[PDB]
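6 protein chains.
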Amino acid sequence: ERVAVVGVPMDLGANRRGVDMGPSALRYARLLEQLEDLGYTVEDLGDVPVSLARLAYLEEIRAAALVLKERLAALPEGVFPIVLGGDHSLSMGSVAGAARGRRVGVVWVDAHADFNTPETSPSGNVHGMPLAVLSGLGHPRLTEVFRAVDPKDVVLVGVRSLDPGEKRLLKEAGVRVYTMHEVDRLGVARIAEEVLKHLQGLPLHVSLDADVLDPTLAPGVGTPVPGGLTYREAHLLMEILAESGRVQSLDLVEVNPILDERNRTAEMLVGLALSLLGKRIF
Amino acid sequence: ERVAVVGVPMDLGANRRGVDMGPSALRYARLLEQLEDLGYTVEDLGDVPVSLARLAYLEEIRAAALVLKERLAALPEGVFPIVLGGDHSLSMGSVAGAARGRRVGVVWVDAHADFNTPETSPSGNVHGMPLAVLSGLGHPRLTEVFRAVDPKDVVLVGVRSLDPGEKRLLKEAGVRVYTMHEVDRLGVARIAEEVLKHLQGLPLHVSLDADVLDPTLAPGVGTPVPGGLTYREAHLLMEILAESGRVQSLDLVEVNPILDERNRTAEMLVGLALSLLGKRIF
Amino acid sequence: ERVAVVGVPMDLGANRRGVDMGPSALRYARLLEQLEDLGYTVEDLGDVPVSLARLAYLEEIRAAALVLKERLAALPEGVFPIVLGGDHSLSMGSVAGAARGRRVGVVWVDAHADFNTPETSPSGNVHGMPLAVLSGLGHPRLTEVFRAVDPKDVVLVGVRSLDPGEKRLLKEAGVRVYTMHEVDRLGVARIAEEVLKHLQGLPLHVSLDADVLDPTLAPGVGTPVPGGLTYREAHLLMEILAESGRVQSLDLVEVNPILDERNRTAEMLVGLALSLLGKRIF
Amino acid sequence: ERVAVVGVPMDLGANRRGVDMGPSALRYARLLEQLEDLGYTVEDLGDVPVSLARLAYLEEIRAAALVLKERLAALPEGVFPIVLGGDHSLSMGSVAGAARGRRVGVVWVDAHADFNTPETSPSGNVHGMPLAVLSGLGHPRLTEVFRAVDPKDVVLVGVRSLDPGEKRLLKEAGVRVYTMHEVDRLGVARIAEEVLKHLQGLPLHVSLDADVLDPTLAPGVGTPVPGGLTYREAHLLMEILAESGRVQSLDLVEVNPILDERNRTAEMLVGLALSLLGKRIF
Amino acid sequence: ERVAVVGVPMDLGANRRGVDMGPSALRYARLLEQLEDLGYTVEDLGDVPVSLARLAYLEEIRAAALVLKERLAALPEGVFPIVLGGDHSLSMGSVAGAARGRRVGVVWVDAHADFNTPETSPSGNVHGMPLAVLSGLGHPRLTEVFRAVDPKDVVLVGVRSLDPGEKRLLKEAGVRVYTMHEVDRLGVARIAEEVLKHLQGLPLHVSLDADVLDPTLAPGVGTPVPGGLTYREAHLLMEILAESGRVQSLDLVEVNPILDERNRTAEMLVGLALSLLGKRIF
Amino acid sequence: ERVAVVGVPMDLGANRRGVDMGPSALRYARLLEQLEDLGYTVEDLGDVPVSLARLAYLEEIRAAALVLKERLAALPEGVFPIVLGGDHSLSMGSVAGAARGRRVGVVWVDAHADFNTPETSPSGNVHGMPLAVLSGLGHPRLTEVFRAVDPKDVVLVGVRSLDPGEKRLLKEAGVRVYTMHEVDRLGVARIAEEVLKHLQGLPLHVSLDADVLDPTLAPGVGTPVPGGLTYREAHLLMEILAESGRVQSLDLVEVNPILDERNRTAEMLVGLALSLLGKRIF
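Chains as they are written, first to last, in PDB author numbering: chain Y, 2 to 55, 64 to 291; chain L, 2 to 55, 64 to 291; chain Z, 2 to 55, 64 to 291; chain W, 2 to 55, 64 to 291; chain S, 2 to 55, 64 to 291; chain R, 2 to 55, 64 to 291.
No wet-lab data here; the hints were simulated from the structure.
It is possible that some hints are incorrect.
Pairs count within a copy or across copies, as identical chains cannot be separated in the list.
Quick list of in silico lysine-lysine cross-link-like pairs, DSS-like style, CA-CA up to 25 Å [claimed, not checked]:
(1) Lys-180 <-> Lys-206
(2) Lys-161 <-> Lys-288
(3) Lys-161 <-> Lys-180
(4) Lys-176 <-> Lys-288
Please build the complete structure, drawing on both the sequences and the hints.
Below you can see the structure in the form of C-alpha cells.
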C-alpha cells in the first residue's frame with residue numbers, strides 16, 4: 002500500500018554518460034502520480050546526495074550507495090521502495106538496504122551481467138560490478154558494505170553482452186543466467202516462471218536496467234546494446250513477477266535523457282514499474 | 002468482386018487531431034490501384050460531406074455518420090465497402106449502414122474500446138463512444154440512428170487503454186475483449202480463431218483503428234498508445250479473418266498524416282486491407 | 002477588416018504529391034483563430050470541390074480554378090481573400106478572381122517561376138504554368154478563363170529553379186525576376202522595396218508557395234528545392250509589403266503534410282500570412 | 002581570471018517543462034573543462050537546493074532564488090559567476106546577487122521579455138516575470154528580495170513573443186527592446202554596439218535564455234519559439250560584448266534535455282559562454 | 002579456422018541504388034576485427050574490380074561475378090569465404106565459386122526470391138535474377154558461367170515480395186520457399202530445422218540480403234520491403250544453421266549506406282555473420 | 002570545356018571516419034550528368050587505388074597522393090580536373106598535380122586550416138597537415154613530393170577550429186586567413202573579392218572541404234564542426250570565384266555518407282561545384 006521513491010542522480014565512471022539525469026526524467030514521466038492513480042499512497046523522499054565528476066570514483070560511488078542503503082534500511086516494513094537512477098552501481102546500496110538483513114531473491118533484468126571485479130573488468134568501471142559486489146565478489150571497500158545476496162539467489166534476465174572474465178565468475182559462482190538466447194527459445198513467460206521457481210519462497214527485489222530494452226525502442230540509456238527485449242516482453246515479465254505477490258522492492262536505472270527521444274525510455278520504465286506493481290489493462 | 006471506397010474526412014472533438022486527412026493519405030498509399038491489382042473492380046465513391054471545427066459536435070458527427078450509413082445501406086448486395094477515415098466515430102454509420110439490417114459480427118481492432126457513454130467519458134468525446142453506441146448504449150440522439158449490433162456479437166482485439174467506466178460497461182454488456190495481455194499470452198493466430206468461433210456463422214465487419222499498431226512502427230495516428238501490435242501480427246490477424254470467407258465490410262480509420270513519417274502508417278493500413286481481402290505473398 | 006478563407010484541396014498532375022492536404026494542415030495551424038486574435042472578423046468559406054486523381066487533368070484543374078475565380082469575384086469589395094491550397098495551379102483562379110477586373114500587381118514568392126507553356130514544359134504539368142497562363146501565355150483553354158495580368162505587373166521573388174523554355178518566355182515577356190542570386194546580393198529588404206516600386210500605385214496580390222522556404226526549415230512542400238529563404242527573410246518580405254498598405258489578396262499554397270515535420274511548414278506559412286496582415290512582435 | 006559555476010535545477014511552474022536538467026546537460030557539454038582550456042581557474046560550487054514539483066510555487070521559487078542571491082553576493086570581488094539553469098526565474102537571484110549592490114547593466118537575450126506581473130500574465134508563471142521583478146514590478150514577495158536594476162539599464166535582445174500586458178509594462182517602464190524585427194533590420198553587430206552604448210560605463214550582466222536561438226538549430230529549450238537567432242549571430246553578439254571588457258556575470262538558462270538532440274543546445278550555450286569570455290577562433 | 006573477406010562494390014541496374022558502398026560500410030562495422038576476436042585468423046582480399054554506371066550492364070555484371078567466382082574457386086579448401094556486397098547479382102559468382110564444383114545447399118535469406126528471368130522480370134534487373142541463374146534459368150550468357158545448384162537444394166527464407174512470373178518459375182522448379190507467412194506460423198527455429206533437414210548432408214552456403222530485416226530496424230538496404238524479420242529472429246536463424254556445423258560460405262549483400270542510420274544496418278549484418286560463425290552471448 | 006573526374010576513396014588515419022565512401026556518394030548525386038547538362042564534355046577517370054585500414066599510414070597516404078599527382082599532371086592542358094574524395098590528405102596530390110609546375114593560387118574552404126606538422130599535431134593525423142605540406146612544412150617524406158605552393162598564395166576561408174601550434178605556423182608563414190569571424194563581419198562577397206585580389210593574376214585551385222558547411226545543414230562530413238557557412242553563402246563564394254574566370258581545378262572532399270541524411274551533403278557539394286563551373290539560376 003505504501004511506496005517510497007528515492008533518486009540517485011549518479012553518473013560516475015571513466016567518463017560521464019548522462020545517466021545522472023535519469024531520476025528527473027523518470028519523475029517527469031509521472032511515476033508518482035500514476036502510482037497514486039493505481040491506489041498507492043506515495044511519498045517522494047527526494048534524491049541521495051551524489052558527488053559529480055568533471064576504478065574511478067570508487068569512494069564517491071561507495072559513499073552515495075552507503076547513504077542510499079542506510080536510507081532504505083530505515084524505511085518502515087511494509088513500505089515498497091523504488092530507487093530511480095543513473096548508474097547501476099546504486100543497486101549495491103538499494104539491494105543491501107531494501108533487503109533489511111533478510112534473505113532475498115534478486116531478479117536482475119539487464120543487457121549486462123554487471124558481474125565484473127577489478128581483476129576481470131576491461132574498463133575498471135564500478136557500474137559494471139554491482140551484482141558481483143552484492144554477491145560477495147570484488148573490491149574489499151565495496152563488499153564490506155554491500156554484500157547482501159548469495160549467488161544462488163540471483164537470476165539474470167535479458168543479458169546479451171558479457172566480458173570474458175565475467176563469464177568465468179558467473180559460472181563459478183553458479184549464477185542462473187537467461188540470456189537473449191534463452192528468451193528467443195523459451196519466451197519470457199516460461200523464463201518468468203522459472204525465475205519465480207528458482208527463487209521460490211523468497212521476497213523479490215527487481216533491478217531493472219533500461220538497456221535491457223531494444224535500443225531501437227528505448228534509445229535513452231547509459232550503455233545501449235542492440236537486440237533486446239520488446240516493450241511487451243518486459244511488461245509480461247513484470248506482470249508475472251507481480252502475480253507471485255513476492256516482489257518487495259524495485260530499481261529503475263540507467264535512464265539517459267541525452268540519447269532519449271522525447272523521454273520515451275523513461276516513460277517505458279515507468280510503465281514497467283506500474284505492471285510490476287499490479288497495473289493491468291482491465 | 003466489387004469494392005466501394007468512401008472517405009469520411011472527420012476530425013470533430015474537443016480539439017482537432019488531424020485525422021480528417023486520413024482518407025487522402027490512404028488514397029495516397031494507392032489503396033484503389035492495389036485493390037485492382039488484386040483482381041477487384043473498384044469504384045471510389047468520394048467523400049462524405051463533413052463539417053469542420055475551428064460532447065462537442067455531436068449533431069455534426071451524427072449528421073455525417075447518418076449520410077454515411079444511408080450511403081452504404083444503398084450499395085447493391087455483393088459490394089464490399091471500405092470506409093476510410095479520421096475519427097472512429099464514423100463507424101457508427103459504417104457498421105449500421107454496411108449491416109443492411111442483418112445480424113453481423115463486429116471485429117474491432119483498436120488500442121481503445123470506444124465503449125464510453127456521456128456518463129463514463131472523462132473527455133466527452135464522441136469518437137470514444139462509437140462501439141458503445143453501436144451496441145445500444147449512450148446518447149439517445151446517437152443510439153436512435155446507429156444501434157446495429159448486440160454486444161454478444163462484438164469482439165475487441167488489441168485494447169491496451171481503458172477508462173474506469175468503460176470497464177464497467179463492457180463487463181455488464183458482456184463484450185468479449187482480447188487486450189494486449191491476451192495477445193501476449195495466446196498469440197494472434199489463436200485469438201483470431203477464437204474471434205471467428207465466438208462470432209461463427211455471421212457476416213463480419215472489421216473496424217481497424219490505426220492506433221492498434223505500435224506507435225514506434227506506425228506514428229501517424231489520432232491517439233497514439235505505446236506497446237501495440239506489430240505489423241506482421243496485424244497481418245496474420247487479417248489473413249485468418251480473410252480465410253473465414255465471412256468478412257463483408259471494412260473501416261480503415263484514425264490515420265493522422267501530421268504525426269506520420271512519410272505516410273508509412275497509411276501504407277500499413279492499406280497493406281492490412283489487402284490481406285483482409287486475400288492478398289498473399291504467393 | 003474582413004477576411005475570407007477558402008481552400009482548394011487540389012493535387013492534380015502527372016502523379017500525386019500530397020498537396021491536397023495543404024488546406025487542412027493550414028487550418029490546423031490555426032490560421033483563422035490567429036487572424037481573429039489580430040483583430041479581423043473572419044469567415045471560412047470552406048473548400049472548392051476538386052476532382053481527385055487515382064497535360065493531365067487540365068479540364069479538371071480548369072474546372073476547379075473556375076469555381077474558385079467565380080467565388081472570389083463575388084466577394085464584397087473590402088473583403089480580403091486568403092486562398093489555401095495544394096497545387097499552385099489554383100492561382101489561375103485566385104488571381105483572376107481576386108483581381109475583380111482591375112489592374113493588379115502580382116508578387117509571386119516561389120522557388121519556381123511557374124512560367125511554362127505546353128511547348129516549354131518538360132513534364133506537362135499545369136501546376137508549373139499558372140503564372141504564364143495569368144500573363145496570357147499557354148493553352149487556349151486556360152488563358153481564355155484566367156488571363157488577368159500584364160507581365161509588366163508581375164514580380165517573381167526567390168526563384169532558384171528554371172526550365173530552359175521558361176527562361177526564354179520570361180525574358181521575352183519581360184517579367185521582373187529576383188532569383189536567390191539577387192536575394193544573396195541585395196537582401197530581402199531592398200528587393201521588397203524594388204517590388205513595391207516596380208508595381209507602385211497598384212493593388213497587390215501575393216502568391217506564396219511554401220517551397221520558396223529552404224526545405225531544411227520547411228520540408229512539407231509539393232516540390233522541395235534546396236537553398237531557399239530563411240523564415241525571418243520571408244517574414245521581413247511580408248512585413249515590408251504589409252507596410253505598403255496595398256496588399257489586397259493572398260495565396261498560401263503547396264503545403265505537403267506527407268513530407269512535413271509536425272506541421273511546421275503549415276505553421277510557418279500561417280505565420281507569414283499574419284505578418285502580411287500586419288502582425289508585429291510589438 | 003576566476004570563474005565560479007553554480008547550477009539551479011529548477012522547473013517550477015503550472016506544469017513541468019524539464020529544464021531542471023539544464024545544469025547537468027551544460028556541465029555535460031564540458032563548460033568547466035573548456036573554461037580552463039581558455040585560461041581561467043574554475044571552481045564548480047555545485048547546485049542550489051531546489052524543491053521539485055509533482064502563481065504556482067512562488068514561495069519555493071523565491072526561496073531558491075534567495076539562496077542563489079546570497080551565494081553570489083558572497084563571492085569575492087574579481088570572481089566571474091556563471092549560473093546554469095532551468096527556469097529563467099533564477100535570474101531574480103543571479104542578477105540581484107551578482108550585482109552586489111552596485112548599479113549594473115542587464116543584457117537579456119531571450120525570445121521572451123519575461124516582463125509580466127501577476128496582473129498581465131495569462132498563465133501566472135513566475136518564470137515569465139523575472140526581468141519585471143528585477144525592475145521593481147510585480148508581487149511584493151518577489152520585488153522585496155530581487156529588485157536590483159533600473160529599467161533604464163535593461164536591454165532586451167531577440168524578443169519575438171510578447172503578451173499584451175507585457176508590451177504596456179515595457180513601454181511605460183521605458184525598457185529598450187531589440188526584437189527580431191530590429192535584428193533583421195540592423196544586424197547583431199550594430200545592435201550589440203547600441204547595447205553597449207545604451208548601457209555605457211556600467212558593469213554588464215548577461216542573461217542568456219537558450220530559446221533565443223532558432224528552435225530548428227537548438228530544440229532543447231523550455232519554451233521553443235520559431236524564427237530566432239542563428240548560432241553565428243548569438244556568437245557575434247557575445248564577442249562584441251566581450252570586447253567591451255565590461256561583462257561581469259552570466260546566466261545560461263532554460264536548457265531542456267528532453268527536447269534536445271544529442272545535447273547540441275547545451276553545447277551551443279557553452280560555446281556562447283566561451284565567446285562571452287573571450288574565446289576566439291584564432 | 003581461416004576466413005577470407007572479399008567485397009564487390011557493385012551497383013549496376015536500371016538506376017543506381019547506392020549499394021556499391023556496402024562493402025566499406027560492412028568493413029566499417031569492424032567485421033574483420035570481430036572475426037579475429039572470435040578466434041579466426043582473417044585475411045581481407047580486398048575488392049573485385051567493378052565497372053560503375055553513370064537488362065542493363067549484364068556483361069559488366071557478368072564480368073565482375075566471373076572475377077569473383079574464379080577468385081573464390083582458387084581459395085584453399087578449409088578457407089571460409091565471406092563476400093561483402095551491394096547488388097545480390099554477385100551471388101551468381103560467390104555461390105558458383107565457393108561451391109568448388111561440389112553439390113552444395115543454398116540458404117537464401119532475402120525479402121525477394123531473385124528468381125526472375127529476362128521473360129518474367131518487370132524491370133529487367135539482373136540483380137533480381139541471381140538465384141534463378143544459379144538454378145539454371147535465365148540468360149544464356151549468365152547460366153553458362155554461374156549455374157551451380159539444383160533447385161531442389163535451394164531454400165528461400167523471409168520472402169515477402171514476388172513477381173507473377175517468379176511465382177510460376179519457383180513452383181515449376183519446385184523450390185522450397187518459406188515466406189513471412191510461414192515465419193509467422195512456424196517461428197524461425199522450426200523453419201531453420203526444416204531448412205537443415207531439407208538440405209541434409211550438404212555443405213551450406215548462406216546468402217544474406219540485408220533487406221530481409223524489417224526496414225524500420227534496418228533502413229540501409231538497396232530495396233526496402235516492410236514487415237521483415239526482427240534482428241533476434243535473423244540471429245536465431247544463423248545460430249541454428251551454425252550449430253549444424255555445415256555452413257561453408259556466406260554472402261552479406263545489399264547494404265545501402267545512403268538510407269542507413271549511423272551504419273546500424275551494416276552493423277546488424279556483421280552481427281549476423283558472427284552468429285553464423287559461432288558467436289554466442291556466453 | 003573539358004572536365005575530368007577522379008576519386009580518391011581514402012579514409013586513412015588514427016581511426017576510420019567513413020570518408021572513403023565520399024566519391025561514390027558524390028557520383029551518386031549525379032555530378033557528371035549535371036556537368037554535361039551544363040555544357041561540359043566529361044570523362045570519369047575512375048578511382049585512385051588506395052590501401053584501406055583495419064602518423065598512421067603516412068606512406069600509404071603518400072603513395073596514393075603520388076599516384077593522384079602523377080595522374081593529374083598528365084592531363085592535357087585545358088582539362089579542368091575535379092578530384093572527389095574522403096581524406097583532405099589527397100589535396101597534397103591534387104594541388105601538386107593540377108598545378109603542373111606553375112605558380113597557382115589555393116583557395117582552401119574548410120572549417121579547419123589543415124596546417125599542422127608532426128610537431129604541432131595533437132592527433133598525428135596526416136589529413137590535418139595537407140595544406141602545410143603543400144606550403145613546404147612538415148614531414149620530409151611528404152614535402153619532398155607535394156610542396157607546390159607559397160604560403161603567400163594561399164587563402165583559407167571559413168576556418169572555425171584551430172590547434173595552438175597551427176596558429177603559430179600560419180602566422181609565421183603569413184597565410185591569409187578568413188575565419189568565421191571575418192565572414193560574420195564582412196560577408197562572403199567582400200571576402201571573395203579580397204581572395205581574388207590577394208591572389209590576383211594567378212590560376213586558381215579551389216579545395217572544398219564539406220565540413221565548411223554548417224553540420225546542421227550538411228551532417229555527412231568526416232569531422233563536423235558547429236556554426237559554418239550556409240549553403241547560399243558557399244554558393245555565392247563559388248559564383249564570385251567563377252566570375253574571375255581563373256579557377257583551374259577543384260577538390261570536393263570529406264563527404265561522409267555514414268553521417269549524412271539521404272546524401273544531401275554530397276548533393277550540396279555537387280551543387281557548389283556546378284556554381285564554381287558557372288551554373289546560374291538563369
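Now for the hints, and whether the structure bears them out:
1. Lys-180 <-> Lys-206: Answer is within: at 20 Å inside a copy they meet the 25 Å cutoff, but 34 Å across does not.
2. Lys-161 <-> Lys-288: Answer is neither: 30 Å inside a copy and 27 Å across each miss the 25 Å cutoff.
3. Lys-161 <-> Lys-180: Intra 11 Å, inter 44 Å, cutoff 25 Å: intra-copy only.
4. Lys-176 <-> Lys-288: between (36 Å within a copy, 14 Å between copies)
Against the hints set out earlier in the document, a violation occurs for number 2 only.
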